[PDB]
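Have a look below at one chain only, the form deposited without the partner chain, in structure tokens format.
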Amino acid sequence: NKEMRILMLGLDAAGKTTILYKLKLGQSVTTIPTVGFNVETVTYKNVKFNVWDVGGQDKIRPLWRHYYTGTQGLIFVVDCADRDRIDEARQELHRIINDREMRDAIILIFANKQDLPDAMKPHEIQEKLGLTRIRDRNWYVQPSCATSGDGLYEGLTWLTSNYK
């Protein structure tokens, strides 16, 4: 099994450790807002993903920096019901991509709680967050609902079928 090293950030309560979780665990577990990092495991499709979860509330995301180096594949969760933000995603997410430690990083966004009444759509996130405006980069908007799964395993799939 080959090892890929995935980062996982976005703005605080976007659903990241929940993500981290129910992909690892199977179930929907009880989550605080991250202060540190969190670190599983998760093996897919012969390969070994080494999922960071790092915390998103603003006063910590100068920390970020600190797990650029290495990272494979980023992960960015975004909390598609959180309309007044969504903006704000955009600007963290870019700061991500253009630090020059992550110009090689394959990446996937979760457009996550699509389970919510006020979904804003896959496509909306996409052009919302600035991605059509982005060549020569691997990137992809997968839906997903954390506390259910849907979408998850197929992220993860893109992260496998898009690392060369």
Given for the second form:
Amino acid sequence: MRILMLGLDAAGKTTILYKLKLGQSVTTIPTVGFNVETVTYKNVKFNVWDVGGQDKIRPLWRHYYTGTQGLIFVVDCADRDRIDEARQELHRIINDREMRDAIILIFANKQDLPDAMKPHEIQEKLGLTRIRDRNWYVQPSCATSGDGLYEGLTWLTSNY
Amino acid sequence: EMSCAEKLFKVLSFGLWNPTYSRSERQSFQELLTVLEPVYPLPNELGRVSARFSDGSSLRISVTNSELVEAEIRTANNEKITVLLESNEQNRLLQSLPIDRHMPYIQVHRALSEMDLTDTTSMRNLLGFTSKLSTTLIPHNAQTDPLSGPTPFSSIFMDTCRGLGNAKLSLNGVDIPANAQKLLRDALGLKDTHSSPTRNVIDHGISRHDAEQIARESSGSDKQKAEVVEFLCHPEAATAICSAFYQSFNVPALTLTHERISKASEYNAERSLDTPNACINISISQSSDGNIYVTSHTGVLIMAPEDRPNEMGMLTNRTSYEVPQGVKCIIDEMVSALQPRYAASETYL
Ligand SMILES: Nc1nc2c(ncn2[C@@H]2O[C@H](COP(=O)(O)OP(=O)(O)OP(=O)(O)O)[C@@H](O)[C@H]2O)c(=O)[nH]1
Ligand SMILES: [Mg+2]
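Now that we've seen the form deposited without the partner chain, could you pull up the form deposited with the partner chain bound?
Let's see the whole complex now, leading with the same chain.
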């Protein structure tokens, strides 16, 4: 099961990548190119693809779509100023013919934060609510703790 | 039966962490690891290190851009030993050298057995081990590049005057101690409130005189004391010494970590412990071509990620650059000449 993690920069994708790859949270750096690493979980070897989410290098992810089976969209639930800038990237992502049919984990990551946006509001504020013909599950997480992540795996695994 | 240089490399090779040593062993390893020093690397190398021991053995390690390791040892009895090898996963000879690496996250070390972070002195000693260890590059950023900002080096001579007396400081491998350090502070004209050095120190470096005293009062070998003297007597010396104490070199790394830094800082004030902010550790080298190379480390306390509550460690910021031969200790010139590389480490217990 080849996985592709997508999201805006500074969402915590890379952090989740190594929270899961190393088991312990590390201090990440602006991902310039990409990372990829493999994670066996419950006899299942995810193959996750981390690509820089900076405004700049956004349209290079399509170079990655062909193969994906689950769109982990990882979210910074404190940054509300690009909440729209990101409710859109989501629609563009799965609309592109590449990702027509694919289960969709949503990491409401950065919940430990004060102004932590609730998991349901995430569902709402992304536009996830009025959409069907589609597996889309919302997963509250803290990437630096580990919260949610291995429950989100459960969904990827389970629902596939 | 072995020279210090052979012992270190063997230890470095086996595993500087492999949990077996008898403390008496570790303690004597840290000792050896202290003389190891980053020097100017070739454009095709990750970095290069060099050491001169009190038994006349000498250790040089190159690491090529493709993490390929080349070692040279010269013994007590004029033996020449070349070693080829790759650091892998078990050894990680690479983690155990003061070199910068390209990685998605800040390299995490562990400390040796009974190392603590409990006081000012246990801190300089953690830095004493972290400053010989590997770091991860933080890619250049106009926003955090302290040389990018509007006040570049503004605090240079205050940090210098302040850090002098209270740093680990190495000139071409020779340890400059606290008094020699204050002596070098005076030699620059910097015990002063907040003046700049003499127009003499600039342009002429230090005087032969001050230079001799300084090296005289410093720890190491005579031949090495002579390099110190000759290095001091150029202006690039001042440039290199002063810029090395520059406090904002840490900005990129603090940019990444500031909240777990704040936590570490808060976390100590609740206890009533009084350990300082930064611990400073500096290595300067002039190779025979007269090239000058600086590696400056600042260690600062920092909390582990939330998944490891109540665990404190050290964040080791390395800043490295050559001081091209022609650059005197004035702002505009150092702003345009120096091209600091920034890299950081996190070390825990
Ligand atoms: N408070 C909080 N911060 C987080 C969380 N997850 C990640 N971060 C931080 O947010 C910053 C961005 O995390 P990264 O994983 O590097 O961001 P990215 O998504 O990989 O962005 P790019 O590297 O540019 O592609 C990092 O400093 C993380 O430590 C979280 O759950 N809570
Ligand atoms: Mg990233």
